[PDB]
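Asker: Here is how the chains run, residue by residue.
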Amino acid sequence: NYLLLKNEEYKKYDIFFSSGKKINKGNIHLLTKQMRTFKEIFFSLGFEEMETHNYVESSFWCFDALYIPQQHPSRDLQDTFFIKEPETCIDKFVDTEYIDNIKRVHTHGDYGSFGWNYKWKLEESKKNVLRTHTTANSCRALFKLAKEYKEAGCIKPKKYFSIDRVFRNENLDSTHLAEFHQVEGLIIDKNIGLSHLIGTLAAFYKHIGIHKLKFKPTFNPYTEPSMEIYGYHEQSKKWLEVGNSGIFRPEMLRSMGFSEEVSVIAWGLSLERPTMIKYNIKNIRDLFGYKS
Amino acid sequence: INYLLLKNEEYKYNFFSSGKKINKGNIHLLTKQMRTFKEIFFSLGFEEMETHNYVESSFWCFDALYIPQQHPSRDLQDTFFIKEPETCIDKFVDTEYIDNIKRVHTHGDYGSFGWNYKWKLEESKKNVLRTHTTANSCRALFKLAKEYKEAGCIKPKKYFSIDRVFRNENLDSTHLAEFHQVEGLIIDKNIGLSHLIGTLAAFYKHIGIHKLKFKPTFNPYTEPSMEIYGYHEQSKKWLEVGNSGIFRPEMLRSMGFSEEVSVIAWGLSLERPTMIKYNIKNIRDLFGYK
Amino acid sequence: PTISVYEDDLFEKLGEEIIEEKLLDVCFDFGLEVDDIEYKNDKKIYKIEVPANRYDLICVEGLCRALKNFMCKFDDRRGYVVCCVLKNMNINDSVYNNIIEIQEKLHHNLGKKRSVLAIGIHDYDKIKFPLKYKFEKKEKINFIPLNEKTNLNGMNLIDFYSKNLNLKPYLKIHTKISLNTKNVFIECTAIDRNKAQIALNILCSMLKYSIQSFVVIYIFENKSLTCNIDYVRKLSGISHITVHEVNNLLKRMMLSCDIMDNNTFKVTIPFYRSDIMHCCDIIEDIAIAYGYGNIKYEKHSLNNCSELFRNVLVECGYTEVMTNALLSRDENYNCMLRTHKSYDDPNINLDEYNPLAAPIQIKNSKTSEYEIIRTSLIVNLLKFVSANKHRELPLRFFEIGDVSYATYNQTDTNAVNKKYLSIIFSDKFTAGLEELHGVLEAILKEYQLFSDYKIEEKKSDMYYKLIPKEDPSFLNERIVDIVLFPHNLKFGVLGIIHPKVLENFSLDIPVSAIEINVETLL
Amino acid sequence: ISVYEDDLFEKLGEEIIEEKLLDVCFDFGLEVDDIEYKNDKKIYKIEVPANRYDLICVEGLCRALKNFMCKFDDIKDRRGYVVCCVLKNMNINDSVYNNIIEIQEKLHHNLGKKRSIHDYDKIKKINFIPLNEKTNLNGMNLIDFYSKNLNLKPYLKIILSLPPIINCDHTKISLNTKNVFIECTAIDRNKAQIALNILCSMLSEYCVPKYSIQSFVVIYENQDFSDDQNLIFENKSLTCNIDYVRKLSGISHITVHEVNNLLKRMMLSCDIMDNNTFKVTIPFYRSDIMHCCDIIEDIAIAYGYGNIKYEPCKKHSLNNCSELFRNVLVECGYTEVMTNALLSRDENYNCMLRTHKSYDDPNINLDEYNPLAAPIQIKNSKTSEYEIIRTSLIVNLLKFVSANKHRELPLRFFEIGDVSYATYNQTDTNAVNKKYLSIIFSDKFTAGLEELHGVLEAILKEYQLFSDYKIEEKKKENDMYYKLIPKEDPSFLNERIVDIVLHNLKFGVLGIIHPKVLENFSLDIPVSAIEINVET
Ligand SMILES: COc1ccc(NC(=O)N2CCCCN3[C@H](CN(C)C)[C@H](c4ccc(C#Cc5ccccc5)cc4)[C@@H]3C2)cc1
Ligand SMILES: COc1ccc(NC(=O)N2CCCCN3[C@H](CN(C)C)[C@H](c4ccc(C#Cc5ccccc5)cc4)[C@@H]3C2)cc1
Ligand SMILES: [Mg+2]
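Read top to bottom, the protein sequences are chains C, A, D and B.
Just so we're aligned: the first sequence equals residues 278 to 292, 297 to 573 in PDB author numbering.
Just so we're aligned: the second sequence equals residues 277 to 288, 295 to 572 in PDB author numbering.
Just so we're aligned: the third sequence equals residues 2 to 75, 104 to 202, 230 to 263, 270 to 280, 302 to 381, 388 to 548, 556 to 618 in PDB author numbering.
Just so we're aligned: the fourth sequence equals residues 4 to 79, 105 to 144, 150 to 157, 169 to 203, 220 to 291, 302 to 382, 386 to 551, 557 to 580, 583 to 616 in PDB author numbering.
It is worth saying that the hints were derived from the structure and are not from the lab.
Check before you lean on any hint, since a few could be wrong.
No farther apart than 30 Å at their CA atoms in a straight line, the calculated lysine-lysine pairs in the DSS-like style are these [claimed, not checked]:
(1) B:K548 <-> A:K563
(2) D:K561 <-> C:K402
(3) D:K517 <-> C:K289
(4) C:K402 <-> B:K452
(5) A:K471 <-> A:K303
(6) C:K563 <-> D:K517
(7) D:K543 <-> D:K561
(8) B:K561 <-> B:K507
(9) C:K289 <-> C:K384
(10) A:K314 <-> B:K586
(11) D:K379 <-> D:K317
From just these sequences and the hints, can you work out the full model?
Answerer: Pasting the structure below:
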């Protein structure tokens, strides 16, 4: 209202402080903003960013590099995404490193106990698939570590974390979509077990807002000791899987030449649903994509 | 020329420079360079220390770094001295209130010599404006000291600090009274120059790929020191880009760190590289007015 | 899995009385899970998740049995078909639907559209003649025992008669159901013998658990897993005494055998197990029994997460500015209309939030403008703004930083350095208290979406409010302090500066401004 | 510190080069540019370090520099009694007089910190005037003479003329004299012996016996300061362990070369008889803390910092430098949009006039950095729109704009993401996934391409790449950057479509889409868009 040098008091009146200007702003996507926050917290814990620079992945890494039987409902269609255009990949370290050890493991035992009983053919395992499990990229970074482990480093406990979009297609779900974005964390060192996993989940899920309060056993094929984790915010006295975790199995593990004293722990969860939680949103079919 | 009315009834180039810039909102350049530096530092695997204060007493500023007060720094021709809270109190009454350091000032520890100087306390207690960010840094070292003894292990740590620093030389067109200095320090057992040389090479490689050359200097915080300069064809075909030095076990082992502990540090300006980067010729425009 | 679980009748099969709200707890502690579950008009029932790792929980019988035991209670190479029968038995409807359910589960769940999967059950009250069938294709055919067929001959071309619900074909892709019989038989086809015995042995355990043999024309085998104890000790994160192990394995139907070098045990795994070779699972079960929760197991950020505002701020054309180090006293006392200070603050500054003034002076400094450090950034900005009053029309700037004051207690050196930020508008015509309000509101929409207005609309805790106040530097009735807590801790101000200061600072165009602490934000 | 060019070549007696002298000094601790000449003698000045007093004078300095580059060798509170002792005879000249005055001008003010005779010619209240003046004053009345100019006022006091204000009233030999007995008094009795030994051998270069002193020191070994004057050169030793220095200096395994280096830097080691110990003898000419740190500093100077053998946390990241683009982009009012995962075939092939694949792509290994064709297909899923992955994401962006036909007039959006196409060669998995960005503008009425150009140049201004022409203009006003070449692609409007270029590597496009596509996408208003790689 002011343009007056001499004319100080020609006042109209010094006349409501409940409003906003509300003009053009220009904004960032919420999900990448969440991604930001997560990278912040992870690098705060002392983690190293992995490289999920891929969008398609052979079945071997997808299923068989892990103890996942080929004859399975996941491998069955209608619940995964299959590329089939370049359905063929070549070059994995057959040479006393991965392939024939794993083939043995689905048909016999090694690197620990014995037993999987199946016709582990290679070709179907070699069919290129669209990611349903981000851990694939994760697992790659293990084997290279494997070689590092052998060269000179005996015990260098490593912490890794990965996030990028993954997808499945059941048909059209009334709750979930084609898996916007998935977080995953992995710790690896000598002789590590549950207590460490529980402690670190407590720490993390404390940093997110909640306080881990309950963990319930679940059934999972790549991590035999698995669980569904729960921390408490005022949703109901019921719940929904607030993410999962578990530690891997020497079956796939010792097949990269890791030590016998080597144990690793992992956990994964969704990125959209926590966001839905944060900014008080429902039915994320407008938050993402259109009507955003 | 520009096409609209794209309804079906459509009845029917100076790529020279640009199109009209409209409102443009940007960040300070020095902040952008600070960003880039944080990126590369954490990329090497560093940890940001907390230099969020610029008041540090002379003690942390000077005597903790084993420098006699009577020197060109203490003189007012090169420093800035506060008088409002001129006295501080919380100092570790232990090790005779770090009277260990005075002794080291006056007499010897780790087999070294002092100055046969009284090294009175008051000058240590005069509150000063920081001229070396490292002061704040050194504090965070001592905590580690206790931790190390509280654990007996040896954990090589990497640290870096950036925040405003100040000096008062003159008012002649040389350099200004406040500025900003990035600083890095590594700590571990039985490590020497070669590591320092290499890590400077790598770091100053990230700033550019320049073969480096360094000449010895004489400085009280680092008894074995050098001035580093690397080549990006400036005027003498290179630039006196940075300062450096190696640790000082004299005061060091008097903080309780170890007999085998060695640390290395190096510091430099954030502005001067910026001046070089964004095609600038003198430091009067990045700072303050544009 | 699926939700094929069944009626409440279990409470009888268990013969106990533990109400609901006391059962779903145990399932959640087991591995089983159920969403809202419905009733068949007069029968209160539920449905259950049931993992397909073990076939022991696939059926209502095996499930209820495991729950009972759980807590502290007690030439064409033909696919080798096997066919077993019992001696005596008995069925009813509540058991007819269950045997049909298992026939539907081993087929749907275990069968991947039933390639090596099929169920050939019937009764042992028809014939008993020994025979062999493995042959070439066939020689003749007359009929077959299926419900949708009652003539078997006359029109439909032979070897092929395809009509059923969904998966009608199997070749290229009745007589009596024996309802309420006493003798019972069953046939089944498999790929080969290992998975044959695997898929077949399950039907055996149906009911007091005794069945005639099977005709072996040319069986239940258990296995063993050795486990070291330090292995499990490290994994599960406990320090078991290993007798607790025998107790746990008893409670989960695992008859261990305790081969003990003090550091080894050996467990006897039957077929009715979520079978997996490495004895890892063993610890999975010991952990289920011990309870995940009952393991003995056993931070702030400012300059990295502050740039949020900075980013949000440079949006919308606001540019950042780096202040000068320090400013002359009169520049903060005489130029500004405030001139005040709380030297002997002791009452004041009872808590170091609330952007205030209590400045720290400096000796041996430049005699031009270097007498005291900043306390509110706007002045230095104004100094900058007093330097470039010729640029484009709307000038909008901001700055975050660290500042400093003198502190009596609370610091080793009796001084403090806290960071806050200020922002400034000028357009030669108006102020921007409308724009600036939108801005402030947007930032606090970037952390809280709550100032005061539109309430905490229904479509609300720990948020702020703008209280109008009076400070001289700003124009009356057009100045507001800002505050946020259940502790009434004011930390921000928003105002239009009083023109007299502009006369002081050789300013010409109208400006509006905001100044808020951040270090307080939390 | 004035060189006096010929004085050097005399005191040293050598002739090599100008640049090989500044070179040697630069390899020593001192170096100075900004060094000028007087009239017919071209001189320089250098900032000697204040750690040791041995380099203060051009004499000691040139001597040490001789010793350095493998040339030379060595030579052979009420205070009670301040010491002022020298020898009997010597010899002077002008070219040494100007230098002897220099220590009096530096040693007192610089090192003495406001300074907290020397005649021995005609030698053993107010009486007379010191040198130049002819006045007296009985008590303390003297400050009246000259106190504002460069005088003793700026060193008055703190609480046999005077220590801080030399006056030389009684004695003085001459500027051109033969006997000399230097005197100086100090605050306390420790630096005294120091300063006397320094002046002592400091000028013993100018003496008749060439660093030899009478002083008849051959009688006693004890000065009680009572009968010695009323009725000096002491060295020290520092033991040094060798693995310590080996670790520090980063070049190791020798122990005699240590002796050679310490000889060449005027040190005279002593070889503490074990293979791992020394007892180096620090003389007065050094004031450096006994700790072996500085000893290794000298060993390292002599070995030459450059000649340490060792060299070996990597590039490691790009997606951190994408947030740059993101910030700069939203600074321009552009909002972010997350597209759908995958697109219909015809949505990217038949809607746009697309013939997609040249799989072989004549270049044997296609193009590491390049735009996208040769798409990646998919096996059929239960979905009705999940037929292929993206190849140019803008289409989904376009699809998005067909979704919100009521928002503000200027719709300004952008997107970063990973895209994927088919790869025959050594690319693992036989498929590639590269990151790109596209941005789009639309207004209900007019166009873009004026804005988009500004946007592009603004994004590229924080990296220096400039439009093939801006660099010219700047050259016209006082490289390794890009250029926009118009091209021909059907998807875009003619005379309004441009490819981008760097190494002649096309990575981006900028254009106005053809109205037919807008008809396809149920659009009404004209849009403009760009699609550019980043990995490039
Ligand atoms: C406090 O913020 C939150 C945060 C999250 C949530 N909700 C989720 O956390 N969800 C949504 C509920 C159901 C859908 N789930 C999907 C499938 N899932 C039923 C099995 C999906 C999912 C899929 C796989 C994993 C995994 C894994 C893993 C990795 C390594 C080892 C072992 C396991 C995690 C989630 C979401 C999870 C709520 C609030
Ligand atoms: C490629 O980009 C660059 C980048 C930089 C530059 N220039 C500089 O790097 N400068 C400017 C030249 C002279 C002014 N210096 C000041 C004082 N200084 C003569 C001693 C100041 C300075 C002061 C102290 C230190 C230090 C330190 C230290 C820390 C730990 C241990 C030991 C020592 C560093 C710089 C600048 C440096 C050019 C291009
Ligand atoms: Mg030194």
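Asker: With reference to the structure, classify each hint as holding or not holding.
Answerer: Consistency of the hints with the structure:
no.: 1; hint: B:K548 <-> A:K563; in the structure: holds (17 Å)
no.: 2; hint: D:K561 <-> C:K402; in the structure: violated (68 Å)
no.: 3; hint: D:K517 <-> C:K289; in the structure: holds (20 Å)
no.: 4; hint: C:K402 <-> B:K452; in the structure: holds (21 Å)
no.: 5; hint: A:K471 <-> A:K303; in the structure: violated (56 Å)
no.: 6; hint: C:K563 <-> D:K517; in the structure: violated (45 Å)
no.: 7; hint: D:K543 <-> D:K561; in the structure: holds (12 Å)
no.: 8; hint: B:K561 <-> B:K507; in the structure: holds (22 Å)
no.: 9; hint: C:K289 <-> C:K384; in the structure: violated (88 Å)
no.: 10; hint: A:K314 <-> B:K586; in the structure: holds (29 Å)
no.: 11; hint: D:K379 <-> D:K317; in the structure: holds (13 Å)
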